[PDB]
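Since the structure of chain W is already known, use the hints to place chains Y and X on it.
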Amino acid sequence: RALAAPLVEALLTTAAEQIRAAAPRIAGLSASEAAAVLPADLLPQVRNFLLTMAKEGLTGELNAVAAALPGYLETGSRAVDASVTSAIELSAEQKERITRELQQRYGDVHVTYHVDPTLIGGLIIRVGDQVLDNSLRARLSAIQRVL
Amino acid sequence: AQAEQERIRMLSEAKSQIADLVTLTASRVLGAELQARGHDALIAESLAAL
Amino acid sequence: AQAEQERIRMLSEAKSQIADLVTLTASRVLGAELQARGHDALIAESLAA
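Residue numbers (the deposited numbering), protein chains in the order written: chain W, 8 to 154; chain Y, 111 to 160; chain X, 111 to 159.
Warning: the hint list may mix true and false statements.
As the list claims (entries may be wrong) - According to the in silico footprint, chain Y covers these stretches of chain W (three or more CB under 8 Å from chain Y):
no., stretch
1, 15 to 29
2, 32 to 46
3, 94 to 100
4, 147 to 153
Claimed, not checked - Dumping the calculated EDC-like pairs for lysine to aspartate or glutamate here, alpha-carbon to alpha-carbon at most 20 Å:
no., chain 1, residue 1, chain 2, residue 2
5, W, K102, Y, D150
6, Y, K125, X, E155
7, W, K102, W, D140
8, X, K125, X, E155
9, Y, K125, X, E116
10, W, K62, W, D88
11, W, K62, W, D48
12, Y, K125, X, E114
13, X, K125, Y, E155
14, W, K102, W, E81
15, W, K102, Y, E155
16, Y, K125, X, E123
Don't read these hints as lab results, they were simulated from the structure.
Idealized CB from N, CA, C, for every residue including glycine.
One chain only, chain W, in its complex shape:
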């Protein structure tokens, strides 16, 4: 219970640290190439998993696996990946303001701000599988329906 929780958390943190440190160690390098690149900066299970990942050479998103390590401590589900698209490139202040503003769900959810300048002066915010569209291109089509 309590002992397991601290143990699980410590193991997750260690795994995340190993993945972040040794992700680029065997990154891209093939099974024979990354075998030497495989350092002692991993547990034997972690070293075996890194060897399996770099046997094909797909050891690029291991940092995401590192990001997968801490969330698995708390059963994840905090991704809440949202995507914001606006016609003008977002300034850092307003970007942070709208990042904070979508706190109704989980707070500063994973947001990958996009531009797509085909839009005119609006917001397309997709949280999970619900999209909100107040872009003036949407209003443009909603008026252009007169055709």
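For chains Y and X alone, coordinates are given in the frame of chain W:
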């Protein structure tokens, strides 16, 4: 009768073309206005429902 | 000939293009604020024919 139907179809097509041209002009004007003023003013609308 | 006459009449901005564009900018593009922070030159120059 066929000539009258063709005239009606031509009138409808002309109305559709006028609507499309008006939409394109409105889009260009809105784009110019957004470039001048700045789209940041629309950010406050993000709290309308989200 | 009738379609050409209608197109010539609609080519003028003050007849169809300018008024419709201004109405769309005011009621649709904005919340009853056509001026925004400019667009004075875009009302006429961008209208063209």
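Q. What hints, given by number in increasing order, does this structure fail?
A. 1, 2, 6, 10, 13 and 14
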